[PDB]
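Enquirer: Chain by chain, the residues:
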Amino acid sequence: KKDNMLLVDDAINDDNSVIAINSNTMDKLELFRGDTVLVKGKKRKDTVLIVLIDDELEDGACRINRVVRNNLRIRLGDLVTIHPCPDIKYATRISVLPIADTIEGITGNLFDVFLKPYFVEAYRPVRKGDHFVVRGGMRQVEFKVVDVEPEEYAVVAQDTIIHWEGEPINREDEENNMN
Amino acid sequence: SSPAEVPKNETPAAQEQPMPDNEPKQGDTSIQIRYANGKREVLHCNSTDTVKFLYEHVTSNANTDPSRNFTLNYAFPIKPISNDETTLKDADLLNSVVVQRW
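First to last, the sequence lines map onto chains B and Z.
All the letters of the first sequence, read from the start, carry residue numbers 31 to 209 under PDB author numbering.
All the letters of the second sequence, read from the start, carry residue numbers 321 to 422 under PDB author numbering.
There could be a bad hint or two in this list.
To be verified - Per label pair, the in silico range of CB-to-CB distance:
| id | chain 1 | residue 1 | chain 2 | residue 2 | range |
| --- | --- | --- | --- | --- | --- |
| 1 | Z | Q346 | B | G196 | 53 to 61 angstroms |
| 2 | Z | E343 | B | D142 | 46 to 54 angstroms |
| 3 | Z | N342 | B | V176 | 49 to 57 angstroms |
| 4 | B | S53 | Z | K345 | 14 to 22 angstroms |
| 5 | Z | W422 | B | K146 | 18 to 26 angstroms |
| 6 | Z | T391 | B | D40 | 31 to 39 angstroms |
| 7 | Z | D348 | B | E202 | 49 to 57 angstroms |
Quick caveat, the hints were computed from the structure, so don't treat them as lab data.
Note that the Cβ used here is the ideal one computed from N, Cα and C, for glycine as well.
For reference, chain B alone in the conformation it holds in the complex:
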């Protein structure tokens, strides 16, 4: 058994772009707190997150919040293959769009409110097809990464250009991911 495949567990760190590994897992596979790792789960899908030492994790399975868990189309108690990718580098531009039913009611500057503070100084490692979540203004909006310039996956440094547009959509696409 190659120790490079791990099961999905509940999340301690409530952040979106993050997964938690245990320290005895770190010596078993060289990685660090800042390291950006590629998660490839079932249904031929992927995602990118930050690994972080977690004492409670126990080396055998990893903690990931429900947002990462969703993008990989996995559940609590499913296996995933983890492997690092530093080939990815800072983004040139990004293309996120709000899902309609998560913005029904409000309008205006979604960038300044949600996206700007969410990506700021975190240089998040996103992916095309990802659907992330931002809490603010007494609600939680869901955007989907529709396009990035630096291949399928890239990072959101302060210089990276975040382009949001205002047309929203139906949740039919999620099902075609689950079906």
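For this one, chain B is given, so just place chain Z on it according to the hints.
Expert: Here is chain Z on its own, set in the frame of chain B:
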């Protein structure tokens, strides 16, 4: 730096700074630098060094960077690596990614 100057730039940084192989008594240590150069990353290091020695490694590893002002961090709790003298042991910077921000 030219395509041929960069490998040479890494060559200084790789051989310039002490690695004594009997000092891992305090723990051998590996840094991963996240440069703002475009998403550039270099690794390495030895036992007990300093954050400023990483700053010196940046400068030795590339000639454009020395005249530029910048700071260092770890991401997700977003700690600015202040107190440039601070040892790797005291800053929790053991095996951990260090991002650079101009």
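Enquirer: It remains to establish, for every hint, whether it holds in the given structure.
Expert: Hint by hint, here is what the structure shows:
1. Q346(Z) - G196(B): 53 to 61 angstroms: Given range 53 to 61 angstroms: holds, Cβ gap about 56 angstroms.
2. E343(Z) - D142(B): 46 to 54 angstroms: 50 angstroms, holds
3. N342(Z) - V176(B): 49 to 57 angstroms: 54 angstroms, holds
4. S53(B) - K345(Z): 14 to 22 angstroms: For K345(Z) against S53(B), whose Cβ atoms are near 20 angstroms apart, the range 14 to 22 angstroms holds.
5. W422(Z) - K146(B): 18 to 26 angstroms: 20 angstroms, holds
6. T391(Z) - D40(B): 31 to 39 angstroms: Because 35 angstroms falls inside the window, the suggested range holds.
7. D348(Z) - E202(B): 49 to 57 angstroms: 53 angstroms, holds
The structure meets every hint from the earlier list without exception.
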